[PDB]
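We begin with a single chain expressed as structure tokens, specifically the form deposited in one PDB entry.
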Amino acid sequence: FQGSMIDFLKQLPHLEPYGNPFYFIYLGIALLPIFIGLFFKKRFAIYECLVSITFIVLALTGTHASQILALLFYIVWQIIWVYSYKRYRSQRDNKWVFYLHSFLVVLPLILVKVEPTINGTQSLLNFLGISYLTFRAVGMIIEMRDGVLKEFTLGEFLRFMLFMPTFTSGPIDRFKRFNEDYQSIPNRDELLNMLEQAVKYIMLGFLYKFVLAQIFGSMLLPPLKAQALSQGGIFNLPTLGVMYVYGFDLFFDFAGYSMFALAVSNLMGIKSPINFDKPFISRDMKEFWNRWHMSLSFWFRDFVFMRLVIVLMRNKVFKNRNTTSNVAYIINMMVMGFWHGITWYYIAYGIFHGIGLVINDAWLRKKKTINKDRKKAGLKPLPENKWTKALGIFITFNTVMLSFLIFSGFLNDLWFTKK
């Protein structure tokens, strides 16, 4: 009964998800049948499972391929605790039972994020996309609590949670929208539109991830970081250079992956949510969060921010609505900071963006009352000319790049600050 099982699942192929461009050959061929079936309004639901599982396994068979075993636990864990809650939802509905089931479903993510802090080493039950899978699972539990979701077969649950195109770190879905878009196969014209969009997305993702991302990450970023460390001090010009370069590199890499995921999802007939829609032209933090990682930000607005606001207003803990909104903004942004990983700089980034949103709300209210005062006094309202827009875009870009500098983790290297 030797425990050489880890060695068994290590010589398997390691086809990287969106690695070399030739990958899109294999997947393309593997997606040739399913897409054809969509033209005839027929869904295989078996060959799709085969291709999804094969590509997930090829993606997860890395140097630390043992993570596959974690998956074979994680899935089971979710299947244990989602369905259990459903059984309870058949009989009764209590706040504490829902809280316990949600906490148990999100527990693997909590362990993966916390264990490197306490023990200092990666947790056993960690794999490539556990930061983007639990968001589906807990989401379904939430959809049970509100009563929107009542019944679903296991095939639907597993084909939703373990979606291949958006598995590693991709757009975050919900169960209602995904299921409704999976049941009703779109007609031929919309299918052809989606095919054209998918080809365009594949080409754009090639450009983003294989040209711009490589240039900004593996060519300028290392020498810029080394020069910044050599300069030393609290701040310097190389710090600004690395801030801007890393911000652009992060955006380009994430947008390239998102385009790849959207293209592959379209090739299966499903319209996954978009992530980035020109986020750097944003002229305000609130508008920025409607552009940067749209799936994640919208998910947190739907399930973490709005529900917290409702809870706070139900108990009327805070008198004015503005104070409740500010508190909920800070809590939501801090929690979003936690999701990346509980360190000093990720939590700093979360609180930073929370403070930014609070300042944005305060400035919106103050601008409204100042416009009212000026209009009442006969003066014209504040100018909306190109100069004001340029100033707003510049301020937003500077704040976003400062946030991406803190989030970059470069402040741990520049300043050896333990906490």
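For clarity, a rigid core is taken as the largest C-alpha set superposing within 1.5 Å between two forms. Residue numbers count along the first chain shown, from 1. Compared with the form deposited in another entry:
In the core-aligned comparison between these two forms, the C-alpha of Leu379 is the only one from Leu379, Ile46, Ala362, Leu391 that shifts by 2 Å or more.
One more: the block was the form deposited in one PDB entry; return the form deposited in another entry.
What comes next is one chain alone, with no partners or other molecules.
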């Protein structure tokens, strides 16, 4: 007669995921049995479910504890629209049924990302990490479409999609790799290597998130934002400073979380994909995208880039291959921008990175053909030295930081609005 259970949900204990050093004490104490049993080639498969559920529910029961209800719907939705495909896959393999199943699987993310733009308030289905969970479900459906995947049990599914360490916003797996890594328990030397690497990641994450990230975010960022707002104009020194500090802060917080997730996943015995591998020494745009947010960029390359270029080349709608590659890059980066959130600045960031990738590809092809012509003429190619590498690193770093300024959304406040 009241429906006040939501208030009851707010009465639960709260625990920020990787938000406090004392969290790792609880996590280590809870995960000791899993690690010990793993040492002896034994997996409980029930204690893991209990610890994953407890820590997921602890993470989600914040101020917006009502999101838990949304989670208890989201799962029930995905199941309904995953098996609905598998039972179909055995019988038929038509393309349009697959498209419909993928769309209905990804619909909750579409609602969460599109309702605030239209309605103005966050939609109900939203919870902490929906944007990093639709990826695994659509990956399962993609694998079923390719025929790589076959019959599987609900246990593997619901322990894969809801994987505890990489729940909130963590490395994005694929089903086949995660399942084969879960089944084959590693050896004692491999387990020891995982443990030492996990401790390294824990300490490095402490450094990255609780010290460097806090310094760059809670100390320099607000004053620079305020000064940039006060100065006004199209561009000025304080907004340049805020763009640099925000880029570094974003990288450090994201890398800290990713290292925490990798450490915990290693403790459970699964090596999740890496997320960052020295992104600011990239020296080139394409080499940047193989270093910044490794998991997400690789996901979009495997499933949204490669499939799109394949389907474009199947119908040969473009005369030349270069135009096909440019179009595929632009569409992939626009979809990445949409995934980040449908506003003006996220789409600007996506299309900007797409144009950057296209320009870099054109320059790379031009340099390759110039080198080929010089070799045909016998002339020595253009030098690659310390100065050239420094120039490449600097220009790529500046373009990346401008992109992060656009993605920050601070340009919306500084340039637009009335303040």
